[PDB]
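Consider the single chain below, provided in structure tokens and representing the form deposited in one PDB entry.
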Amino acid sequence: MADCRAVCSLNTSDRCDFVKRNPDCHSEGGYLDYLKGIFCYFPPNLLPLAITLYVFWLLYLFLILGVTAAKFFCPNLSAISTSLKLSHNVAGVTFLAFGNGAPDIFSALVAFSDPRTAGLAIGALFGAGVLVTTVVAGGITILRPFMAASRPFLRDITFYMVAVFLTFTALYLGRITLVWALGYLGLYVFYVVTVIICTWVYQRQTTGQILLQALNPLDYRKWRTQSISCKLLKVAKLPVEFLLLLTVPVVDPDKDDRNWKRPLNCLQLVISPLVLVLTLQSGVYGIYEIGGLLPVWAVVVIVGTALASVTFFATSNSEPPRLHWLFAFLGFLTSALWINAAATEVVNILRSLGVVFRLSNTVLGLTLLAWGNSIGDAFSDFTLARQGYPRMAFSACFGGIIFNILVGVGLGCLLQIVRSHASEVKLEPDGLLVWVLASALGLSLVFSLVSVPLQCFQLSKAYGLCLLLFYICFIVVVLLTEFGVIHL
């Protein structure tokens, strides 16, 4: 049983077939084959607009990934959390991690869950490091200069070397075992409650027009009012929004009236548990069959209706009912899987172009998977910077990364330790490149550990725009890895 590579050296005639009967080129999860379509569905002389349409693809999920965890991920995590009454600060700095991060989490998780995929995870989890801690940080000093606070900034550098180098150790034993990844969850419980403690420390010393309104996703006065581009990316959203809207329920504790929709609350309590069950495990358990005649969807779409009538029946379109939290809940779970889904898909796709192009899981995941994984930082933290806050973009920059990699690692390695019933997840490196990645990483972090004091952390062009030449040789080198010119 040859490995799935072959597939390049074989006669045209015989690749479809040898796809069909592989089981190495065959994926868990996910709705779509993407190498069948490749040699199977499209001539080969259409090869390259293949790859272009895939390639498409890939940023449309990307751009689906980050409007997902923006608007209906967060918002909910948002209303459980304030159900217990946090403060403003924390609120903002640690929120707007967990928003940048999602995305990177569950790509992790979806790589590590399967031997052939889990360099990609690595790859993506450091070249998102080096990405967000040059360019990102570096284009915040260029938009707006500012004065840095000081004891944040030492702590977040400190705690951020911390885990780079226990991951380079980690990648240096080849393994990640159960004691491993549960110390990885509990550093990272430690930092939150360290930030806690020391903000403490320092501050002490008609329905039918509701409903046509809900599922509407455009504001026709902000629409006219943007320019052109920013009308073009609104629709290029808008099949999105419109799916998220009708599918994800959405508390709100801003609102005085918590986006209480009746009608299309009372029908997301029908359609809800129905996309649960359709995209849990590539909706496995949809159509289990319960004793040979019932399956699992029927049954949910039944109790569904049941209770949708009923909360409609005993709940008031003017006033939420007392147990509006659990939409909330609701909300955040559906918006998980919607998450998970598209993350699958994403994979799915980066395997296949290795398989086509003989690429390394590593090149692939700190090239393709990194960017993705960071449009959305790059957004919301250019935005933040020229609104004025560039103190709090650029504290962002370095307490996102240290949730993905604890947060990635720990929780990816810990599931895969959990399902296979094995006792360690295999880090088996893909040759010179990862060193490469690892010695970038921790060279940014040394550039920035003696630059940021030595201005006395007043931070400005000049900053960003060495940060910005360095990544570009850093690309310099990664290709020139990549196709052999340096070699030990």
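Residue numbers count along the first chain shown, from 1. Take the two forms, superpose them, and find the largest set of C-alpha atoms that agree within 1.5 Å; that set is the rigid core. Compared with the form deposited in another entry:
- Once you line up the core between the two forms, the CA of 90 is the only one from 90, 214, 171, 178 that shifts by 2 Å or more.
- Taking 2 Å as the criterion, residue 99 counts as shifted between the two forms: its C-alpha moves by at least this amount when the rigid core is aligned.
Switch from the form deposited in one PDB entry to the form deposited in another entry and print that structure.
For this one, just the chain is written down, with no partner chains and no other molecules.
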């Protein structure tokens, strides 16, 4: 019954027996068993190969998550938002917020679902908070000096500090009960209402050819125009976006036809329910048999092909039907399931690396999960600042993290409480590194709250350079205390 963190203190011939009958480290969900693979699929000689290969697979999964969220998830959420006839700011605080922060939220939802990994979620949430408010905001001001917006800044910084200190309290007590989770969700509702009300009160005051081009991930002219590095990224993510364009339908509101592609969409109307049944709960309910008479994948593919022929006959190949926002909805679902599968694999990899090297969940979440999840927003915000709109970038910077922390903790803990039939989610402490992380986030927030108003909201290079120096120093201190030079 030994904890399988004790697998590196065994004779190398008996690590198979341990890994294959110790139940302490069996992935809660997923497809690949990374720890049987790392220990006795590869020969003990070449352990560094297994770990280098796992790190490259982690990086490619982060690319998968970013590409899926930016190009397929968020436009479908926007299609639904426009279909419901909402304004710009309510949309940008609810639907576009969900779309922009998808990777963090799904990562927290997966980590909170298992007692052994719940320390990854806390580390990743606080670490992403520390990273976005120092490196991204600072870099935005270094790239371009601008005059920041007062009211969004003060609103966002105040709400974020309240949410953060509430989470420190929950960490200290050592638990999250469903009253606390419902409190997180209630605070989010109050934030959306205050944004709406403040912005209102201040405003008043041949088929086959089009199928082949539809499935074609790449355009000749742009690819011939970009540099070498952009070509390299495009060829890196070509398989990802081929599977995406093949299996998720995207409704786009700016277009005249609204990306209506009659053969492609009427074929995904068969392809996508199969992806749902195979991906939901990693397939257990997919292969489950009802009654022993009608198999499950068979019935879903049969009904899918029936209704795909039904819609193919009923529509012509020029003008969309009157109800393809349901294509928007169906695309939302299967984009969400793709993100869920990628996040489950990422969390399993990080857990296995923690078992092998006897690392802590806090440092793994603090560094690798946080950076991998924040690469997307960093890229988006820096591009927006360089184009000539740094007010928008600095606003979105502080606007995203509130949604992330609040919805992530709320939903993740609530769903764990519901499926587990428990009354609380225990937050066991991983040493005293969690309090170093907490104090780093706290002081960062305090520095921004004092500095930006005192500059009269005129931000420049000095502010960003100070924040960048602070982040480098914090990371060095974390690494030095994790590996045992400075012990607390």
